[PDB]
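Student: Listed below are the residues making up each chain.
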Amino acid sequence: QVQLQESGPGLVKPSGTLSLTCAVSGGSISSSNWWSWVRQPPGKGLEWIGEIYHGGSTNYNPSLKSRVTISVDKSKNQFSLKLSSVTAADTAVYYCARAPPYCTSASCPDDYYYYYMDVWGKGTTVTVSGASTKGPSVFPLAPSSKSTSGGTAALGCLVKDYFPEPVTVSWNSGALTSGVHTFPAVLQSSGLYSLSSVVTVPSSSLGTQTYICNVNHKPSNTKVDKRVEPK
Amino acid sequence: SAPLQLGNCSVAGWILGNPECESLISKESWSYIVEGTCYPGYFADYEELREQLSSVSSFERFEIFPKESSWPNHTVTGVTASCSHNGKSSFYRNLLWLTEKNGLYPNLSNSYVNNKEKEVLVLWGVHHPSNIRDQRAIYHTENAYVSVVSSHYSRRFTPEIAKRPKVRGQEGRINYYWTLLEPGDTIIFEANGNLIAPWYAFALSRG
Amino acid sequence: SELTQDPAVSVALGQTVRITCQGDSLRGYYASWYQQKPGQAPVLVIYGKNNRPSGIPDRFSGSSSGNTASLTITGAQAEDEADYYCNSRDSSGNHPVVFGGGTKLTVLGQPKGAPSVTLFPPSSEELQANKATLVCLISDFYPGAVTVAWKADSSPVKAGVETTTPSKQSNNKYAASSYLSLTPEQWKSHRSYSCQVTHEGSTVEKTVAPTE
Ligand SMILES: *[C@@H]1O[C@H](CO)[C@@H](O)[C@H](O)[C@H]1NC(C)=O
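Residue numbers (the numbering used here), protein chains in the order written: chain A, 1 to 231; chain B, 232 to 438; chain C, 439 to 650.
One or more hints might be untrue.
EDC-like, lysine to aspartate or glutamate: derived pairs with alpha carbons at most 16 Å apart [claimed, not checked]: (1) A:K44 with C:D521; (2) A:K146 with C:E650; (3) A:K226 with C:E563; (4) A:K122 with A:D111; (5) A:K122 with A:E165; (6) C:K487 with A:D111; (7) B:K319 with A:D161; (8) C:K569 with A:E47; (9) C:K611 with C:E643; (10) B:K349 with B:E291; (11) C:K611 with C:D528; (12) B:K332 with A:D161; (13) C:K487 with A:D110; (14) B:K332 with A:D110; (15) C:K606 with C:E517; (16) A:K223 with A:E165; (17) A:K146 with C:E643; (18) A:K231 with C:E517; (19) A:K231 with C:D521; (20) B:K319 with A:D73; (21) A:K44 with C:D444.
Sample of chain A residues lacking proximity to chain C, with all beta carbon distances greater than 12 Å (derived) [as the list claims (entries may be wrong)]: (22) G10; (23) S15; (24) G45; (25) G56; (26) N61; (27) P62; (28) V72; (29) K82; (30) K134; (31) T148; (32) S149; (33) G179; (34) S194.
Only part of the chain C face toward chain A is listed, based on derived beta-carbon distances under 10 Å [stated by the list, open to error]: (35) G477; (36) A590; (37) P594.
Please keep in mind that the hints were generated in silico from the structure rather than gathered at the bench.
In this text, a Cβ means the ideal position worked out from N, Cα and C, and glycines have one as well.
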């Protein structure tokens with residue numbers, strides 16, 4: 001019933017301030033709920049950041065209290081997160097979630113002593129680096145009759161030279177998920193990322209059907225709809 | 232004129248629906264009683280209620296407000312360890328612990344008209360949390376009100392918070408109140424929180 | 439306090455596994471469990487005393503005994519291979535929330551598969567942009583141990599090679615990608631380029647050429 005939309009920049013300079021915003025739909029921010037924030041560094045586990053009650057009371061992680069500030073804006077039904085003095089340790093994936101109300105005394109029903117986070121945001125990747133944002137160069141990976149293997153052939157798109165993470169690739173604006181496989185990005189020596197998204201498509205259709213990959217790199221607000229034709 | 236025997240139960244626990252008094256309520260009439268709060272609190276006009284229940288002639292337990300339909304957009308599944316039964320947490324058989332649903336406790340109202348041609352015994356409770364943090368966690372509102380009004384009864388409850396000594400593993404209290412509804416009379420409940428709503432009532436003659 | 443759990447555990451398909459999470463913050467409040475698959479967000483699977491959100495099969499069951507909460511998966515399946523985190527709020531002080539270290543669950547009994555290799559030559563648009571890149575895509579191999587070698591006209595090549603770490607596809611098989619960056623004349627001046635993919639001593643090699 002209640003969903004969470006996340007917003008914010010994907011790149012933050014060192015010593016700067018991280019700023020994210022979570023938007024509440026299907027419910028009022030002024031409800032008995034603890035709006036929380038969670039982050040996850042690359043390759044590590046989940047880390048709780050803090051929570052805020054709609055009255056204004058906050059509760060933060062003791063290890064991050066010096067640099068964390070969580071606010072609430074009842075005018076727009078949103079709650080934000082601000083983290084100052086960022087370093088490479090703050091490069092992580094950040095989530096906004098919802099937690100139920102709870103009690104400190106025994107004068108409550110049993111269901112008010114649970115802790116969980118059932119509604120989550122989709123996740124915003126934040127990178128701490130001094131480099132500059134760069135849009136991607138999308139090149140087609142055309143299907144040739146030498147890379148074919150039976151009644152189906154493989155075609156894809158090459159997303160090259162972008163920064164920072166991430167990049168999402170869909171095919172035919174979502175109307176294609178037959179064999180869609182998007183590979184994790186690779187990090188070049190120049191500091192720019194690159195990944196490929198390939199799809200499995202029948203050998204009979206490659207000559208007559210038009211296939212388009214929809215590359216999205218929101219850190220630069222760039223959307224590239226590239227068409228992949230046979231050679 | 233056989234007596235009604237409660238066994239190990241008191242009149243308070245029997246009339247409220249204590250989960251430890253489920254095997255009782257065997258008669259429709261009796262001349263005297265032979266004889267208890269699972270969630271601590273005060274029982275107002277208790278010994279006067281025992282006088283009025285000492286001898287009845289047409290006793291009957293009915294559902295005053297069904298578990299569903301009566302209180303929409305409020306949670307009705309509230310149970311506690313103070314009212315344990317078979318190791319499982321439970322609550323009174325005749326009362327509902329109304330709590331917020333989806334983070335909201337909207338202003339609430341419901342009424343019942345006595346069309347059972349006898350006197351109807353309606354009982355309810357008023358919950359007093361022990362800290363203001365849990366008050367807003369359960370009922371959203373900070374200043375709560377509970378309005379009970381009939382043609383011969385009228386009282387508004389403004390529950391406020393205090394830290395009280397530990398009793399039955401609990402430090403908050405629930406005060407229990409009751410009133411008699413004459414035939415044709417109407418009773419209306421209004422609250423924005425802290426209401427232990429009536430779930431089952433009793434119809435009786437004589438007293 | 440803090441929550442500690444074993445970093446890894448394995449279970450065969452159709453059997454039962456018990457992921458245990460220990461901490462002094464478990465007696466106070468009730469613990470919750472999350473399932474997280476690679477590249478995705480965590481989803482709540484257990485909260486309270488064995489209460490499942492709508493959409494979680496009854497194979498997932500949670501329990502607690504003292505300072506120990508457990509997540510039990512009955513009749514494990516291949517779709518259950520993910521990370522599992524316990525979560526609870528501490529009962530003292532400002533009541534901070536602590537996450538467990540997570541438990542990587544591996545579901546054993548998956549059939550082994552030879553890698554499937556597809557090598558793409560540089561697109562004409564990239565060449566006309568004065569750049570060349572060879573894309574070697576590997577997929578559907580298990581286990582996820584794969585070493586890649588590139589060849590220019592049968593001579594090994596190490597300059598310009600970038601290979602990703604093996605990642606898990608939706609079918610629980612592993613996949614990886616290899617890139618060799620060239621110049622449009624380094625590409626056109628050779629006879630062929632190859633991508634050697636080794637997987638348990640067995641090598642699959644695909645070859646592209648500018649003339650074709
Ligand atoms: C409930 O009633 C009180 C007084 O009658 C009123 O002030 C309050 O606004 C009502 N609740 C809501 C949600 O409006």
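Student: Does each hint fit the structure? Answer for all of them.
Tutor: Hints, verified against the model:
Our distance criterion of 16 Å between C-alpha atoms is met by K44 of chain A and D521 of chain C, whose separation comes to about 11 Å. The suggested pairing of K146 of chain A with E650 of chain C holds, with an alpha-carbon distance near 9 Å, which does not exceed 16 Å. Straight-line distance between C-alpha atoms of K226 of chain A and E563 of chain C comes to about 12 Å, which keeps the hinted pair within the 16 Å bound. Of the supplied pair hints, the one linking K122 of chain A and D111 of chain A is violated, its CA atoms being roughly 27 Å apart against a limit of 16 Å.
With a CA separation close to 15 Å, the supplied pair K122 of chain A and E165 of chain A stays within the 16 Å bound. The suggested pairing of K487 of chain C with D111 of chain A holds, with an alpha-carbon distance near 10 Å, which does not exceed 16 Å. Among the hinted pairs, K319 of chain B with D161 of chain A is inconsistent with the structure: their alpha-carbon atoms are about 61 Å apart, more than 16 Å. A hinted pair counts as satisfied when its Cα atoms are at most 16 Å apart, and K569 of chain C with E47 of chain A does not qualify at roughly 42 Å.
With a C-alpha separation of about 20 Å, the suggested pairing of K611 of chain C with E643 of chain C is violated against the 16 Å cut-off. With a C-alpha separation of about 10 Å, the suggested pairing of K349 of chain B with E291 of chain B holds against the 16 Å cut-off. Between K611 of chain C and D528 of chain C the CA atoms are separated by roughly 39 Å; this puts the pair beyond 16 Å, and the hint is violated. Annotation: proposed proximity of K332 of chain B to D161 of chain A is violated, straight-line Cα distance about 50 Å (limit 16 Å).
The straight-line distance between the Cα atoms of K487 of chain C and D110 of chain A is roughly 10 Å, inside the 16 Å bound, and the hint therefore holds. Taking the CA atoms of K332 of chain B and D110 of chain A, the gap is near 14 Å; set against the 16 Å cutoff, the hint holds. Between the alpha carbons of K606 of chain C and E517 of chain C the distance comes to roughly 12 Å, so the proposed pair stays at or under 16 Å and holds. Between the alpha carbons of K223 of chain A and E165 of chain A the distance comes to roughly 14 Å, so the proposed pair stays at or under 16 Å and holds.
Distance restraint check for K146 of chain A and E643 of chain C: the Cα-Cα separation of roughly 13 Å lies within the 16 Å cut-off, and the hinted pair is therefore satisfied. Restraint check for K231 of chain A and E517 of chain C: the C-alpha separation of about 39 Å exceeds 16 Å, so the hint is violated. Taking the CA atoms of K231 of chain A and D521 of chain C, the gap is near 43 Å; set against the 16 Å cutoff, the hint is violated. Restraint check for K319 of chain B and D73 of chain A: not satisfied, since their Cα atoms lie roughly 41 Å apart, outside the 16 Å limit.
For a cut-off of 16 Å, the pair hint linking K44 of chain A to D444 of chain C stands: about 14 Å separates their Cα positions. A cut-off of 12 Å between C-beta atoms confirms that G10 of chain A is not in contact with chain C; the least separation is 16 Å. In this structure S15 of chain A is separated from chain C by more than 12 Å, as the shortest Cβ-Cβ distance comes to about 26 Å. Here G45 of chain A does not stay apart from chain C, with its beta-carbon only about 4 Å from theirs, under the 12 Å limit.
For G56 of chain A, the non-interface assignment is confirmed: its Cβ lies about 15 Å from the closest Cβ of chain C, beyond the 12 Å cut-off. Once the 12 Å rule is applied to beta carbons, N61 of chain A is inconsistent with being away from chain C; the minimum gap is 6 Å. Once the 12 Å rule is applied to beta carbons, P62 of chain A is inconsistent with being away from chain C; the minimum gap is 6 Å. Look at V72 of chain A: its CB is around 18 Å from the nearest CB on chain C, clear of 12 Å, so calling it non-interface holds up.
Every C-beta of chain C lies more than 12 Å from that of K82 of chain A, the closest at about 19 Å, which supports listing it as non-interface. No Cβ of chain C approaches the Cβ of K134 of chain A within 12 Å, the least distance being about 15 Å, so the stated non-interface status holds. For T148 of chain A, the shortest C-beta to C-beta distance to chain C comes to about 9 Å, within the 12 Å cut-off, and the non-interface label is violated. The claim that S149 of chain A lies off the interface is violated: its Cβ sits roughly 8 Å from the closest Cβ of chain C, which falls inside the 12 Å cut-off.
A beta-carbon of chain C is positioned within 12 Å of the beta-carbon of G179 of chain A; the least distance is around 10 Å. The non-interface label for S194 of chain A is inconsistent with chain C: the shortest C-beta to C-beta separation is roughly 6 Å, within 12 Å. Hint on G477 of chain C holds. Least Cβ distance to chain A is approximately 8 Å, under the 10 Å limit. For the restraint placing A590 of chain C at the interface with chain A, the shortest Cβ-Cβ distance is roughly 18 Å, beyond the 10 Å limit, so the hint is violated.
The closest approach between the C-beta of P594 of chain C and any C-beta of chain A is roughly 19 Å, which is over the 10 Å cut-off, so the hint fails.
Figure legend: structure checked against the earlier numbered hints; hints not met, in rising order: 4, 7, 8, 9, 11, 12, 18, 19, 20, 24, 26, 27, 31, 32, 33, 34, 36 and 37.
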